[PDB]
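Asker: Residues per chain are reported as follows:
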Amino acid sequence: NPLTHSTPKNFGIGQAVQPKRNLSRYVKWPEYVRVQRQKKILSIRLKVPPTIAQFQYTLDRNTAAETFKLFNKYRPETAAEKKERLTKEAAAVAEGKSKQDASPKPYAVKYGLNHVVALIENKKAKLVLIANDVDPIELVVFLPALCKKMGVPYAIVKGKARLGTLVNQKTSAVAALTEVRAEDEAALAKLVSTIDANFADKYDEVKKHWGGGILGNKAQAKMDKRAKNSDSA
Amino acid sequence: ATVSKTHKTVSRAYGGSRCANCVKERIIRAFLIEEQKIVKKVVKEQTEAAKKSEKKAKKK
Amino acid sequence: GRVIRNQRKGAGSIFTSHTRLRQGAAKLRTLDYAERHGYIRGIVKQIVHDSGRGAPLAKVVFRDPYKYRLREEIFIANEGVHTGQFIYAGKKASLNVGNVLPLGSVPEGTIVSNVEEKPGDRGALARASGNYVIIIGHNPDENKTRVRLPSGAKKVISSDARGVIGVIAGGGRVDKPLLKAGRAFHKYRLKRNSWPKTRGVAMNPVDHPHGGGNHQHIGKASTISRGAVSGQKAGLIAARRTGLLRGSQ
Amino acid sequence: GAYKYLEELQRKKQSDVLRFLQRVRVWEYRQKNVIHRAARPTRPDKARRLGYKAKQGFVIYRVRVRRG
Amino acid sequence: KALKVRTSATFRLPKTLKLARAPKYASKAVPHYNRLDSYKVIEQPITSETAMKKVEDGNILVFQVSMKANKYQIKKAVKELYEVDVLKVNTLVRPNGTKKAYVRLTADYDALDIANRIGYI
RNA sequence: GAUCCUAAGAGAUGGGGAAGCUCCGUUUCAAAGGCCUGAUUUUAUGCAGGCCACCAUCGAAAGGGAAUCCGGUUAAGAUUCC
RNA sequence: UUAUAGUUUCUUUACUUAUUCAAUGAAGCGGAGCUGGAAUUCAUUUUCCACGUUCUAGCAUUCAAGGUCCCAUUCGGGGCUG
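Residue numbers (PDB author numbering), protein chains in the order written: chain G, 23 to 255; chain g, 63 to 122; chain A, 2 to 250; chain N, 2 to 69; chain X, 22 to 142.
Since the hints were derived computationally from the structure, they do not count as laboratory data. Every residue, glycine too, gets a C-beta built ideally from N, C-alpha and C. Mixed in with the good hints, there may be bad ones.
What follows is a list of derived Cβ distance ranges for each label pair [to be verified]:
1. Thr17/A with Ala183/G: 39 to 47 Å
2. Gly77/g with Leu22/A: 28 to 36 Å
3. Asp157/G with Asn34/N: 16 to 24 Å
Dumping the calculated EDC-like pairs for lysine to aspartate or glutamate here, alpha-carbon to alpha-carbon at most 20 Å [claimed, not checked]:
4. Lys230/G with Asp17/N
5. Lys146/G with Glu201/G
6. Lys69/G with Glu9/N
7. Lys56/N with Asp157/G
8. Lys50/G with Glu143/A
9. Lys244/G with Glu143/A
10. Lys148/G with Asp246/G
11. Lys36/X with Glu53/G
12. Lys42/G with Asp65/A
13. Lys5/N with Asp46/N
14. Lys171/G with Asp226/G
15. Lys61/G with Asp155/G
16. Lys188/A with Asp176/A
17. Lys31/G with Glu116/g
18. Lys170/G with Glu9/N
19. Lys230/G with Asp218/G
20. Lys54/N with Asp157/G
21. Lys100/X with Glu64/X
22. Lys250/G with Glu80/A
23. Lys229/G with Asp17/N
24. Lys42/G with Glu118/A
25. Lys146/G with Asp82/G
26. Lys121/G with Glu103/G
27. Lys46/A with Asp65/A
28. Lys61/X with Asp134/X
29. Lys61/G with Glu9/N
30. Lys39/X with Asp58/X
31. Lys62/G with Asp46/N
32. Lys212/G with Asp82/G
33. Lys31/G with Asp65/A
34. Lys145/G with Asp218/G
35. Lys33/N with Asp157/G
36. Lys46/A with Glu80/A
37. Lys50/G with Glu29/N
38. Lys33/N with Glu53/G
39. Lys69/G with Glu29/N
Could you build all of it, start to finish, from the sequences and the hints given here?
Answerer: Right, dumping it as structure tokens:
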């Protein structure tokens, strides 16, 4: 206090060699990071066809939350739960000799692409969840259009990882509830109506309209300057 | 490498880096300009204070 | 027929530049934040010779704004630049000999040198001895300034393209006769291997398109087409005219 | 099976969809190396028709030869 | 979100766990015996009259050493075998393409005592 | 003396060309490891003071370069043997 | 006759994102906000108007000042400014 004196630093042009501040905007990123970004930007910049653009409109995070709360039940049997059920069944094949009636009917979520595609084609599905981030999109580009034509209620849900965690895989790229317990048919019926409001009903309109054709923030600001030039003079 | 510092360094400011004339000339340069930078500081501060205090004679 | 001297110069084996005795690449310090928004002060620490080039190089010590260093930069000394004097490089830098300001931040009629073709080039034009650009005109609307090059050609450069003020030193170097062969020999010995040139006409017809004959003579027109193939050009390429003119060039 | 819908879609190469995907992927591939690896088949239906299976040992490798 | 401050304008390879080698099987499993042992190092003595003049006079032992034998290994070999402290070892390779070494002993041992011990005179 | 350093240069690497033998380039459109202080004494292992980074290698028995002299000695070695 | 916006049909411009040419060890880009001193229509929700370093061959590197929680007030190390 009596012997320590306050000083200017003066980080102008000349004085005080500039301090180690944040250069996180100016990092020469690895080519793999640079490429995954520049691809995401370029996919938005070029005009997106309306059948690709329909995957941008993902299900909102309260309808999604409730969908996943219903889908949390009917999780496919675990490796342990399978083993124990097989030990009871295979034991009852000797004790009583009553096989394929023991181990009561399973209500699980249907999953795997070529499985659920066929369940939609046969019109056995009651709710189909379609992932929005499948590595080659083409795997899924046809699925909302097939799902509508057959008249199965479908929703584009956020996260193939989220679907994967629900089916005990890493990723599932698709999910489908074809049956339900009598108790939980009411919730399914409501959640089907609220997802049909977003996806099914609006399909015919969203089919027409393109995504992308969106400038970068610097070119946005330039156009907004060059538009205020002529008209707002 | 194995010689005393005495042999290759005269006991002064820069010693075995600069001459006695070169070191004194940069002392006089260092201090003088530090006193001309402190007189600049006040001359510019009183040219600020003058332009501020006498600018408000006109809007009246 | 053989591959001509002219043809095999471009293979670049022996015909490469003699680059041991040179100080380094003479450039302007990179276009950075300090030069864009203000200017940096540099000290002409020494003025040195460079081999194969007849214009002194001003080694000028600048600072590093970001780390604790003195980034030394090698300039081409403008005439009247001296040792210890302060060079000022940037937009806001004053209009004195030695100073490095963009052509946009300069009035018309200035004699500038070591100019950039593009902004961020680090010197391209008027870099040789006793040569300079004259900034003729301007236009802030599509910010591009008109300049007159030592050749007498009018170009249009960006307003952010920099240039050093004054003429490049060592002027009048060409107006003394070189003298007795050996002077030329020694001049060339530190630039390139383009010296004592044999006349194609004095060769055999293998060696050059001018060779042969029972008299030394070219025999056909020395004015060669622009569309002549790489190997056919010997004489005057795309000669708009020839001969010594009367009055003014 | 989604594989039939993939096979049929992939033939219509100038359909608005494949036009877009051609433009964005050819960029992604050009930015990577000449001979680089592939984490999975870009065409999982074309792959398996040629004899690819999704078990350990089988690999895919993307490669770009100069035209002309 | 709120991504970390980077004072550097360059990204560099993050440091990761260099794991130690832990093989399922030994490479050789039977390790080699000592290639150059004491007797492989010191092959023979040199019985030339010049070598003998140097043994009698100089207090030196002229020994035919292997190639691929360090002056350190000659010193260590002579000490271990012959029970003698070596003051120095000067080695030249002969025009015959074999090495020979002038093993000088300390003042304590007269070279004739150890020359006669070996057998050669 | 070689060994070490770099010179005109030669050359892997990343990469890109080429049907291929291999060719270009050597800092390039690369995520290109090393340095020291104690730590803490868990039969010695986890820290941090923290720093620093456009980056192989080969290339001179005349260039750069840590340090030796005298006397004596052998048939023939000695700036080395004594 | 044009009033559907259902293709470039041909020619005059424009957009970035492919492609392209540079440069940096990818530091300060773009938009806005301060302080402007002011624009006077008049102290503004109106739009024009800059953004810490210059006589001198010196120096400038390890976050100091205020402020806030911990260290039970030892040792200091930490938030935001600067």
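Asker: Indicate, hint by hint, whether the structure satisfies it.
Answerer: Verification of the supplied hints:
no. : hint                              : result
1   : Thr17/A with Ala183/G: 39 to 47 Å : violated, 59 Å
2   : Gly77/g with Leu22/A: 28 to 36 Å  : holds, 35 Å
3   : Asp157/G with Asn34/N: 16 to 24 Å : holds, 19 Å
4   : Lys230/G with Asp17/N             : holds, 12 Å
5   : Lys146/G with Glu201/G            : holds, 8 Å
6   : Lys69/G with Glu9/N               : violated, 24 Å
7   : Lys56/N with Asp157/G             : holds, 18 Å
8   : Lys50/G with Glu143/A             : violated, 32 Å
9   : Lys244/G with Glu143/A            : holds, 16 Å
10  : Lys148/G with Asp246/G            : violated, 47 Å
11  : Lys36/X with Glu53/G              : holds, 19 Å
12  : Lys42/G with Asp65/A              : holds, 13 Å
13  : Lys5/N with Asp46/N               : holds, 8 Å
14  : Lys171/G with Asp226/G            : holds, 11 Å
15  : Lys61/G with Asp155/G             : holds, 14 Å
16  : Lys188/A with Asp176/A            : holds, 15 Å
17  : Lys31/G with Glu116/g             : violated, 31 Å
18  : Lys170/G with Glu9/N              : holds, 19 Å
19  : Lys230/G with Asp218/G            : holds, 18 Å
20  : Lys54/N with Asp157/G             : holds, 18 Å
21  : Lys100/X with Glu64/X             : holds, 15 Å
22  : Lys250/G with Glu80/A             : violated, 49 Å
23  : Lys229/G with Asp17/N             : holds, 13 Å
24  : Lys42/G with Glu118/A             : violated, 34 Å
25  : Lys146/G with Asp82/G             : violated, 26 Å
26  : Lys121/G with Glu103/G            : holds, 18 Å
27  : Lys46/A with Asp65/A              : holds, 16 Å
28  : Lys61/X with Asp134/X             : violated, 23 Å
29  : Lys61/G with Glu9/N               : violated, 27 Å
30  : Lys39/X with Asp58/X              : violated, 37 Å
31  : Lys62/G with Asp46/N              : violated, 25 Å
32  : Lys212/G with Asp82/G             : holds, 16 Å
33  : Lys31/G with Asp65/A              : holds, 17 Å
34  : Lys145/G with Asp218/G            : holds, 16 Å
35  : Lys33/N with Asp157/G             : holds, 17 Å
36  : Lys46/A with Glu80/A              : holds, 16 Å
37  : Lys50/G with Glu29/N              : holds, 19 Å
38  : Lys33/N with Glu53/G              : holds, 8 Å
39  : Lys69/G with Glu29/N              : holds, 17 Å
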